[PDB]
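J.: All chains should be modelled from the sequences, with the hints used to inform the complete structure.
6 protein chains.
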Amino acid sequence: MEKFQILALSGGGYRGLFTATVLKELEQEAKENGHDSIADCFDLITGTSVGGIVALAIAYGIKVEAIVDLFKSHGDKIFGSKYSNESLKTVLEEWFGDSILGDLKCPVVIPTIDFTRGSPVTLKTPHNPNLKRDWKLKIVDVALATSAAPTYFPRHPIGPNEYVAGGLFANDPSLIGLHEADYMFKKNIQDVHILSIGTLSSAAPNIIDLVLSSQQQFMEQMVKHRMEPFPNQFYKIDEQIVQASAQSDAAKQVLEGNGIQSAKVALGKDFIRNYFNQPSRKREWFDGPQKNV
Amino acid sequence: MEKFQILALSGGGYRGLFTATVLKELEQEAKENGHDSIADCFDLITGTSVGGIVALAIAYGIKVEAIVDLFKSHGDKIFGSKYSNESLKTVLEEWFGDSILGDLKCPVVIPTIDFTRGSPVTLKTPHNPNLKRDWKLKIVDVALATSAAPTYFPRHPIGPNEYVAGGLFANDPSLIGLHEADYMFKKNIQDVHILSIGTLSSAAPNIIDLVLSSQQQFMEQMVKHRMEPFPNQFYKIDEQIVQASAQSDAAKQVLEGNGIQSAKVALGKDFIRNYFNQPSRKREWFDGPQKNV
Amino acid sequence: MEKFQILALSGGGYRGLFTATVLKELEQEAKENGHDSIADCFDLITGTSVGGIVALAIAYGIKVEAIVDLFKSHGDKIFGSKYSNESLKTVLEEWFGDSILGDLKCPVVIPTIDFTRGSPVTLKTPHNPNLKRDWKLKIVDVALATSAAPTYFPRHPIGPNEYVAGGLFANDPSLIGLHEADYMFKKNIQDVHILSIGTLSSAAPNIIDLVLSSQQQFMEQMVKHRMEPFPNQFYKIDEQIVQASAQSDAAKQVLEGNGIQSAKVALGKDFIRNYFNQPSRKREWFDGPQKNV
Amino acid sequence: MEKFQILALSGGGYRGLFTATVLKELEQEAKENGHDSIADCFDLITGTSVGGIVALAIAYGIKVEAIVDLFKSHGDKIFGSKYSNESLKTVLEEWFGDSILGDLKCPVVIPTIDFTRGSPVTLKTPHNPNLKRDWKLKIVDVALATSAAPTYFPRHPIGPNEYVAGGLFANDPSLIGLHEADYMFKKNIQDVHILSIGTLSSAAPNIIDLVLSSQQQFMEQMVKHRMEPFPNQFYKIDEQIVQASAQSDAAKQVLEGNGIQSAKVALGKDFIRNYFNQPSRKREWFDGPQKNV
Amino acid sequence: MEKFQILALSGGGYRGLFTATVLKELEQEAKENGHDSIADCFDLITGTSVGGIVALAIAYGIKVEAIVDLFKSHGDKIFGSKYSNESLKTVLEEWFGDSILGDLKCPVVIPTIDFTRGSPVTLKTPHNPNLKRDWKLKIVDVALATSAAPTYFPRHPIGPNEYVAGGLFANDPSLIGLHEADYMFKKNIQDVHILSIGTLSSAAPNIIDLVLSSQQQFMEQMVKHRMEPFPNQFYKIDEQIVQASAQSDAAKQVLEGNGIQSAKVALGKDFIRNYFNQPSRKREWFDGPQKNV
Amino acid sequence: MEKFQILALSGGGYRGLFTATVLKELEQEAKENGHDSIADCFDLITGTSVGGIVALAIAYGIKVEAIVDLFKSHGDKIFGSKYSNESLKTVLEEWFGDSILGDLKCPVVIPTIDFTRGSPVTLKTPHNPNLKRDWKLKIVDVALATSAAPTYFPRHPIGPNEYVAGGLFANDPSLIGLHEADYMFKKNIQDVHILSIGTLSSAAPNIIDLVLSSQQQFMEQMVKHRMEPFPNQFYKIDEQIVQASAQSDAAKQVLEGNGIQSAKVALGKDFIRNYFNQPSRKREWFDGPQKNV
Ligand SMILES: Nc1nc2c(ncn2[C@@H]2O[C@@H]3COP(=O)(O)O[C@H]4[C@@H](O)[C@H](n5cnc6c(N)ncnc65)O[C@@H]4COP(=O)(O)O[C@H]3[C@H]2O)c(=O)[nH]1
Ligand SMILES: Nc1nc2c(ncn2[C@@H]2O[C@@H]3COP(=O)(O)O[C@H]4[C@@H](O)[C@H](n5cnc6c(N)ncnc65)O[C@@H]4COP(=O)(O)O[C@H]3[C@H]2O)c(=O)[nH]1
Ligand SMILES: Nc1nc2c(ncn2[C@@H]2O[C@@H]3COP(=O)(O)O[C@H]4[C@@H](O)[C@H](n5cnc6c(N)ncnc65)O[C@@H]4COP(=O)(O)O[C@H]3[C@H]2O)c(=O)[nH]1
Ligand SMILES: Nc1nc2c(ncn2[C@@H]2O[C@@H]3COP(=O)(O)O[C@H]4[C@@H](O)[C@H](n5cnc6c(N)ncnc65)O[C@@H]4COP(=O)(O)O[C@H]3[C@H]2O)c(=O)[nH]1
Ligand SMILES: Nc1nc2c(ncn2[C@@H]2O[C@@H]3COP(=O)(O)O[C@H]4[C@@H](O)[C@H](n5cnc6c(N)ncnc65)O[C@@H]4COP(=O)(O)O[C@H]3[C@H]2O)c(=O)[nH]1
Ligand SMILES: Nc1nc2c(ncn2[C@@H]2O[C@@H]3COP(=O)(O)O[C@H]4[C@@H](O)[C@H](n5cnc6c(N)ncnc65)O[C@@H]4COP(=O)(O)O[C@H]3[C@H]2O)c(=O)[nH]1
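Protein chains in written order, with the numbering used here: chain A, 1 to 293; chain B, 1 to 293; chain C, 1 to 293; chain D, 1 to 293; chain E, 1 to 293; chain F, 1 to 293.
One should not assume that every hint holds.
Remember, identical chains collapse to one label, so a pair may be satisfied in a single copy or spanning two.
Quick list of in silico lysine-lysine cross-link-like pairs, DSS-like style, CA-CA up to 27 Å [as the list claims (entries may be wrong)]:
| no. | residue 1 | residue 2 |
| --- | --- | --- |
| 1 | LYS186 | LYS89 |
| 2 | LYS132 | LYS31 |
| 3 | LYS264 | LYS252 |
| 4 | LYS72 | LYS282 |
| 5 | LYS77 | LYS132 |
Keep in mind that the hints were calculated from the coordinates and are not lab data.
T.: The following block contains the structure:
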């Protein structure tokens, strides 16, 4: 019985700068405890849309300084269909290149919707004997697929199928982490610790937004309910202070400051600090270039 | 350790003649085994959309002949905002009258969205010591709230709040049943048996439909995954034969016939027949006129 | 032994209708458990600003239906110096009349500032042998003094001294409740249960607002810190859902609905329900018309 | 059980010279009893405003002769927004340089307000296992942030956030000392000894001053009330003689003389002399350049 | 061993309204405890100058409502030599008439200076076998002698001698009370309880004022020193709040309000309330019309 | 129980030749009984005005021949502001030099007034654990401060404060001796023996003189009253013969003859002779260079 820790990077658009600021501060705590990256402290990383461009980068081993550098120097240009995806593609090739999803150092689950069939899809690494087809994809294509919503980006054809943004259906990536730890990893729920670094989003479009918000809250409350018998085993690092804030470079200042303050609040809790004071986790890859089993 | 059985009536619009026909066919077994209604064989009833109306009618003790009579004699008229809700209101008062949600004979969970706050809400009978405010509502108002979607019906103001249809977020009422049996009834998942009598539904609206279908499938697959270690403990009575059917009174014929065939297929499985061959279930009401504890 | 329960009503201006709604739904539980009013379940009541006109009304025995009737029928007119205190005065005489502060059924602490000396003052019922001069005041004058701020109301001269609103300094009436239970009631902090039904408020004025908000948060966090070793012994019923609300009669609707939802959430927690299921509180008055000791 | 002694320096503006004269006299006793500085006799140092530039200097190990030299040779120049923070900045770099807040020899708590979020903040040395982010700051920036009020100094941007003066909210640094000894140090209140070397300050601005004075007195009286059961465990060295004084170099004379007289009065009390006749205090740093634990 | 209680009415000029208001509030406590006047709770009453016009009135049995009526309706006119004492004489005859000093109900000591010899004199009632010549004087003449200072009033010739104001030498009437209790009443100092209701006063004249203030403080500190071994046996009701007051009818308001607040503070202390909860004191007159021995 | 003997040198101006002559005559008995100086027979020495100078000289160990030499050879020159203090300063440096007040061989109390604050001050040797700041002063500065009255000498700035003559307030140094022996030495009054070698002094100035004389007599009579139960324990060596004398070198003759006659009268009383026939007193210094405890 050792703790199965999940990092559920929730977010959307340009508020992602909050998610990368909270992650630069948490990273420091990992280093100071002797880890190579913040991806060595977690057994699973789940993200949706932009949270997936950060989740893949975290698991690949990318320094969080560059994930933040993306949002405060390239954030305007990146974040036909109101965007052309070319700058995002350039930065992602800059980062990854031609690496496949099986080259990640941490198991990830990237939910997304198959527009062709119109059905949920999850792009996962080979962390179970049964996952054998998603480790061959370009990390660039996975990143372009997860962060591709209608009226935001053209749908990305990874292969024969067209995929849209994952936040449309699985707007909470903390239910995916808990579910994946319950059926792929056969983990008892008492051993699951979820850290969800999410953020709040900023007649028909009104209805779509209402449905999306309601569907994120429904799944978040389900995760909170399943983790109530075990105290402090699900903690969400949200900017609950911006809603209490009595008061785009200025917006960068507010986002950065909110991220730093939320990470400071989180590091003051011993159970959050206990995510990073452990021996480096050992992975079990069942396929791909890093096959251990 | 006795089996906690859940009835998850999934349904949308007129295809409800399928859900009411399968329920009318299962009533036959329920009575032949010596029960008063099909609501005496289940510990929880969850439904969204028209399923909610059928779920409330099932739990209230209404004969399933009249629930079917609603769909093949009043189905066209009932199923500004393309409908006026007056015929549905008349039939619901005809059925219920001025009964409160605490007069139900079976615990129910009716998910719905608070349009005012734009957040998930569940209307629940007083079945837990913690449910103390939803047993006072009109069953008519609950039925008008659950089956009230934009472009279908005006939003129903039960009280100070306006509510929209529950199928928008909790499109699968079998995840609600399983969760309730986990966070309210403190039931071990091996003791939970879910019977989901659902049916298949018939650029922006395309995206909304895709998102709704994807969100129903995601939650359905989560329920199927959590119930795989226990064989045959989650069975869905779906019209998987209409998709294999090589070929509005005619539509009534197809819906009825499909319901009868699906119920015939279900009754051929001993584990489905074991839902109805048990002593009548004893309820524990913690508030309202039927308070037992 | 006996749990010392405190009700810390925080309410500024028109969003007092939230405080009056949460208390109409908490009195229901109070009556359903067999109490005469919601003032029989608490051993101390503290309010500042409108929370004091509600705190005095609660302790006097006024039905909470009329406290709500004040905010949705007289709220605009009541809430020179932008407001003639005459309306409130009429409603307060219609409620109280010529009753003195010693006629209250529950000990209250009403903080306020002496503008003459410019120093903190607390108007308290004679609930300690050392309180002997504030039980002689008009409840009407106390209510007009607590809810009297510059640029809102003229300063009220209760006697030879002029008093201004208490929210200016003691913006959190939950630190006053905890302190009074600590220095007047000689209560061990483990026996103190605080229920704070507050609400969020809506270059020099900016600085004043910033200072007031900072001073409310500082004292609130001090109360939260002193009550962390004892779980769930300080619960604040705040409209944390309006800050999550994706969406003046309309404002009345939002305030009412938020109050009802927050009270519903609070009543779902057993420790909140345990405030009202206890034997009636026996008072010890050490002076005034009701001196029992 | 050994005494936990707190030094709560309160000093607004030029009447800080009082706080420096009282300290130089109290350091004499400190040295005569065999200590290196007056920071070796205390287990916590709290300060607000100028009292924070003195509190940091005391804890850093700066000789109190230079803290007094600041007020009688540089006091006019230091004490757009009526004051260019440049002078103070030069003197603070001349004192500290590039030392971080983790290089202090005594735990300090410097309250301040985050203008960006508009919320209370406390800059603390790493004296608890939960304080891990404020030991990295420049002492110069902390000093420029604590002593930065509107209409006095421009707001100081330590990092991504702008901070204003701490005296605006936490005008009494003796409630902060008592609270920190209660929630961070887990100290029994009978073991806490507070020595507060404060001083008295000299239509809208009138209201702001009234609110600030009322908020200082409220918190001071709360500290006095919590420390009444333990005699002489909270002593405030205030210039209560200048208000009894029957009668800017002349002002320097009055301030100096008042400080010397108040320190003489304080040293005549054996319980004050017992703060300095003890073995040197041993610190427990849980992070930073001096981490011992 | 029963407590010997002394009332030392210190005061001066028109601030006497403070002393008369603190005494109306303390009187109420005497009545509420069942005494005829505030002169039945004390064994000795010492006053200087105006405090003597109040001390004589208190001991004579005059209602304190009229002593206050003197200061807020006749205060300007009463308070050649800037002030011909005709109005004061009229009001004193109105009060007393032709009563001798031996008709007082409480022993009093009125210090004064014999201008003829230029030596201290005390006008005392026959409360010792050795006091046999002062009980024959007019109370009007004693009142006109005690409140008669140069540059204020002409010197009053009671008999063959001219007398000036007593505040010139015995500016503190609490040292006189303690001394009398020590040599006339042969009381142990542990049994002496002094309640001093005084107030603060508002090149050669500067020197005279400095000397007078220094001589009042010297004697006050001597009384405080002799009463330190016995806690709370010397309490001075001073307006220490007007020196902390951040802010001639207005002056009447401040004086009255300060008196009411100081009396409220005093009545909150159980040892002050214990002055009035005792059986009525029994006097021993050794000469005059009320001779008991 | 051994006798606590006090020497209260009262004096003013050149009449100080009486005190110096009486002291020179008592030195004869002191030496004839085997003591080093007249300061070895007393436990405390209190003086005001020129008495302070003589008191400091007596305690320092100065031969009384030189104290008399000051008054009959330098008396005219020493005794802007009618004097320049330079001759007195020269003679005092001649005597003391750079010795601090802690180098005295006998505890002394020198009353004086702080002109800055306008409050009583006493300069005391470190004779109690609580006296820790007056032993560092120059004896020359103490002597120049005690003997510095307006219209006589410029005010002497010992440090940051200006001091005036002590005879203005504490015109009788025998009440100071008795009080000190009561509040600092914790001596029973039956063990206190006071020997007061004083002398009689020679429209606004008339009032000042009257007040000063009245204040000296008031305190003298208080000392006489407190020492009546113990016979001959307070004896004042006054020139009561010059007032009976039926009849500036001639004035020197009268002063010295009166001193010799008064000392002759005093030495004829056995209780005065018993001050000097005792073993040398042992001092307890609690601070300064002579610290014994
Ligand atoms: N995702 C994935 N699936 C693979 C791989 N190799 C084989 N498969 C198989 O494809 C099946 C369905 O693919 P899908 O992932 O797109 O739909 C998935 C996905 O839409 C959804 N789902 C998967 N993991 C989830 C999760 N952790 N949380 C919430 N929902 C989830 O449930 C569907 C069924 O998952 P399954 O694990 O039982 O079967 C896989 C799995 O058996 C592979 O490399 N990746
Ligand atoms: N101040 C500080 N907090 C840190 C550090 N590392 C983590 N934290 C955590 O940041 C949280 C937020 O602190 P804040 O400084 O922004 O506001 C603080 C401050 O506004 C207030 N507060 C703290 N100590 C106080 C005190 N002694 N007196 C009065 N008020 C105080 O309580 C807020 C929350 O305190 P907390 O201790 O429970 O959690 C800290 C603490 O757990 C750190 O290096 N410094
Ligand atoms: N539904 C309900 N809730 C009540 C009642 N009296 C008090 N409550 C309390 O109000 C809280 C929030 O009500 P909500 O129903 O509008 O949001 C609910 C609902 O949106 C969602 N939820 C509840 N049961 C669910 C379920 N079985 N499946 C999926 N989602 C669910 O979780 C939210 C919080 O659930 P909770 O039970 O822990 O707290 C309730 C509950 O404790 C009551 O009579 N009915
Ligand atoms: N005189 C003195 N006081 C000191 C020293 N170190 C500390 N103190 C303390 O300073 C307090 C006030 O000093 P002050 O001398 O200016 O006022 C003194 C002085 O004005 C007056 N006083 C002291 N001794 C006296 C006496 N014997 N007779 C008459 N009056 C006296 O009482 C005031 C307070 O006395 P305190 O002894 O209780 O407190 C001292 C004393 O405790 C010190 O070296 N000398
Ligand atoms: N005051 C008074 N004195 C009387 C009376 N009948 C006789 N006497 C005698 O006159 C003597 C001196 O008169 P005095 O009161 O004007 O001076 C008094 C007075 O100036 C002063 N004094 C008295 N009581 C005091 C006190 N309580 N506090 C401070 N100083 C006081 O001490 C002087 C001596 O008092 P004493 O009591 O030993 O002797 C009385 C006393 O024996 C009489 O009716 N009143
Ligand atoms: N409030 C009050 N005080 C009374 C009464 N009769 C006597 N008193 C006494 O008046 C003193 C001054 O009270 P204040 O109301 O003017 O300011 C009060 C008030 O400003 C503040 N305070 C009191 N209770 C508080 C509290 N519970 N929380 C926060 N602050 C508080 O402390 C000040 C002094 O309190 P205290 O209890 O030690 O002494 C009282 C109390 O002993 C009375 O009828 N009411």
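J.: Take the hints in turn and mark each one as holding or not.
T.: Checked hints:
With identical chains, the CA atoms of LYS186 and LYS89 are never at most 27 Å apart, being 36 Å at best within one copy and 48 Å at best between copies. Proximity of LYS132 to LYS31 under the C-alpha cut-off of 27 Å is restricted to the inter-copy arrangement: shortest distance 14 Å between copies versus 33 Å within a copy. When the C-alpha separation of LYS264 and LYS252 is checked against a cutoff of 27 Å, the pair qualifies only within one copy, where the shortest distance is 18 Å, while the shortest distance between copies is 38 Å. For the homomeric pair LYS72 and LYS282, neither the shortest alpha-carbon distance inside one copy (34 Å) nor that between copies (45 Å) is at most 27 Å.
Taking the closest pair of Cα atoms, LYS77 and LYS132 never come within 27 Å of each other, the shortest separation being 36 Å inside a single copy and 35 Å across copies.
Hint check: violations occur at hints 1, 4 and 5; the rest are consistent with the structure.
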